[PDB]
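Can you make the complete structure from the sequences, with help from the hints?
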Amino acid sequence: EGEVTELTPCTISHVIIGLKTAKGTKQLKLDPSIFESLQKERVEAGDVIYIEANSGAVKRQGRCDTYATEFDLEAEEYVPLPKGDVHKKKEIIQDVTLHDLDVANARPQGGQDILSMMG
Amino acid sequence: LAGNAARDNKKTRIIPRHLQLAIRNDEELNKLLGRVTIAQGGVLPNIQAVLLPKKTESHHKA
Amino acid sequence: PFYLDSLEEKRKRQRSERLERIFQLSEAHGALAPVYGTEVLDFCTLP
Amino acid sequence: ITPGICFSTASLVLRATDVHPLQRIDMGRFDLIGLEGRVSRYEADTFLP
Amino acid sequence: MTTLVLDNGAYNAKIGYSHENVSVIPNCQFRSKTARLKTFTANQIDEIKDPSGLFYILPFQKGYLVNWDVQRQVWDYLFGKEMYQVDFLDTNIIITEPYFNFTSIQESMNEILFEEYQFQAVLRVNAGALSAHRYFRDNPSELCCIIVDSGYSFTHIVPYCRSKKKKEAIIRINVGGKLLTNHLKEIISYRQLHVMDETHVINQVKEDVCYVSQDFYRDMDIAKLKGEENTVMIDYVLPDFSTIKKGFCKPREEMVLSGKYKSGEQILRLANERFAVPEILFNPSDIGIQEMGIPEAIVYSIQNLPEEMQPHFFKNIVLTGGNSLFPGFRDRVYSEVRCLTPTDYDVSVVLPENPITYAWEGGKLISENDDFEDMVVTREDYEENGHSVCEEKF
Amino acid sequence: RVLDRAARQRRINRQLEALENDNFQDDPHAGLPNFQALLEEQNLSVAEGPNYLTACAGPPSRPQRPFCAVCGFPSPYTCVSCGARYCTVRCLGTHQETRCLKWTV
Ligand SMILES: Nc1ncnc2c1ncn2[C@@H]1O[C@H](COP(=O)(O)OP(=O)(O)OP(=O)(O)O)[C@@H](O)[C@H]1O
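Protein chains in written order, with the authors' numbering: chain A, 132 to 141, 153 to 261; chain B, 65 to 126; chain C, 1883 to 1929; chain D, 917 to 965; chain E, 1 to 394; chain F, 17 to 49, 83 to 154.
Bear in mind the hints are in silico, worked out from the structure with no lab data behind them. Among these hints, one or two may not hold up.
What the hints assert, rightly or not - Anything over 10 angstroms on all C-beta distances counts as not near chain A; from chain C, calculated:
1. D1887
2. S1888
3. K1892
4. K1894
5. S1898
6. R1903
7. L1907
8. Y1918
To be verified - Within a straight-line C-alpha distance of at most 25 angstroms, the following computed SDA-like cross-link-like pairs (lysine to any residue) qualify:
9. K230/A - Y345/E
10. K38/E - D43/F
11. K245/E - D42/F
12. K262/E - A126/B
13. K231/A - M943/D
Stated by the list, open to error - If you want a taste of the chain F side facing chain E, the calculated C-beta under 8 angstroms gives, among others:
14. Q31
15. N39
16. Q91
We treat Cβ as the ideally placed atom computed from N, Cα and C, and that holds for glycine.
And the structure:
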């Protein structure tokens, strides 16, 4: 987590993303397969975003706080800058039910052609 | 209107001041009494608060 | 001549963590086997 | 053509009820339907092991 | 040995013998209607019983010497007749200079700067180099450092490696003590108690109550309402010089929120300048100067090509200069540079105990340790080598 | 009417210049009764490479704060006359009566 500072897509071999937080900045090689999602979120230098190391669940929280008022009127969220360590590794011991798993495996996912009808 | 002006000025007895203020504040009464002048009356005043945040006495020999 | 032993140690440790992470994620994504796969359906899938 | 489009309203607290990245478990390790059209029987039975 | 060390900052000439003469002497002249014709020298201002309405004949224009007359008289006074003596070998005067110079400012020295006070190793070296030398002396294990010389005219960001000025990556954002003082003057004047005449006592408000806010928007939201803890209503008494000769913020117990002080003093201060003015260093371009802040520049120093040198640079940030001592300045700079710097790199900020005389202490250490037989440029060499030897050594 | 953009830029430049006028900001009389030149000494032959010309920081990345020109508080508004921002209607009035197309500060 952190304010994305720069995207440098290296047929993409990989895309480096710099995430800024109150405790510093870090550069990550970001599995160009999820550059699709990166573009889907329209994220670019300045935004605060999440990304999950397991699947690439990039989530745009909005623009940074310091970039507010760049346009005295603009429909934005301007989420505060994260204060913790950009590298957020923490264990989740939460439990799930077996019927929840069954339901999650009952119907497919995706809108390949008309399968969007599942939403 | 004169009583309203007097209560706004914190007075009980209506005076030419209040009559002038009421006549010149209302849109239609002023149109009706534009030519009229009132004794011991006055024109609408301006506020002096504008002097404070522009210039005042400095610390020089204060 | 500029060198920082602590920085090299931190970089090596984070690189080891990185390799362990990628190995874990690669092993965790291919542990599930399909119920039918793809050749089974293509076989049963008539025109 | 009525311009009186029905216009519901509610706080965003009612929409962020299901978002907590560092508190949700990864269900990708248990899904089976997604593997039907992506993964092959041979890929899992012979090659990967 | 009667050696000497000299700093000629635009705000104040920090000079004196190497025997701990750090005494801080203003580097300009003064005139006032209470002083119709007497043009008081550097420290003669103390003779003025009423320094109200002083006019500053200063030889500096945006940090560069100009008209050469105020400095001439100040030197003839300090080092010529009274406080210090002139001698061809005793006073080992070392001089400070801006980080950029030209043949005319201090290189051409025919009977000027080479006048009767000479010695073997005349040094006209930037104050940044002296500060870096002192730092490395009190920090021997360090290889490089970034000096933040928050002076009157500039706040220079200059890297060093124990001798070497990294000229390729130095920045001097136009914001300085002069701009801060003048902006405070105008802000006070065009809101209440028009006293923008003097770079004087309002300069005291610039030092007595000014502080850098840790959270600017938070202190602002606390200031937008009357009677809160932030004490935006500083209620700074203006000195009339008939009852008091220096202003000061009234204690919190004597606050009159209605401003109707029965003492007769003009106290109607409610605005946020007291912490909005110090904030100009960190986020400029809010007043209009399209420049970067000092943390933004400390980080833009990433332009230093060698990567292995950046983690050594980031650990030796020195916040010297007179303006660096605002309450809350060092920690604010640290917070701003820590988030911008990589998470894996270490950041260590240091603020000298006396960031104004730090350069003078560095000059003292230079004198009393070495630089008498080497790195020398004498008038005898200038007479034989002219401008060449001076620019060669510096 | 409305003022142009040249006037606003000239106002900004002149205010920044006044912010460095040290002798006397408004009225440098205070009594009239080796003489090197001004900053022109080098400002007339500005060199290249590392120097006070290239030593400038440049434009910042953080957007400008919308702060009021009257009281110094946040200003989500902007006056049409000279662009000077203001916080409330009271601020706009105090501005128009002190700064407008006719007056600068
Ligand atoms: N106690 C204090 N609180 C706040 N500010 C202070 C204090 N003491 C000094 N200052 C500020 O420090 C400044 C002095 O800076 P200094 O003289 O070190 O710069 P300089 O060496 O002249 O720089 P240059 O050589 O570029 O002109 C003054 O403008 C003053 O406003």
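Which numbered hints turn out to be false for this structure? 6, 7
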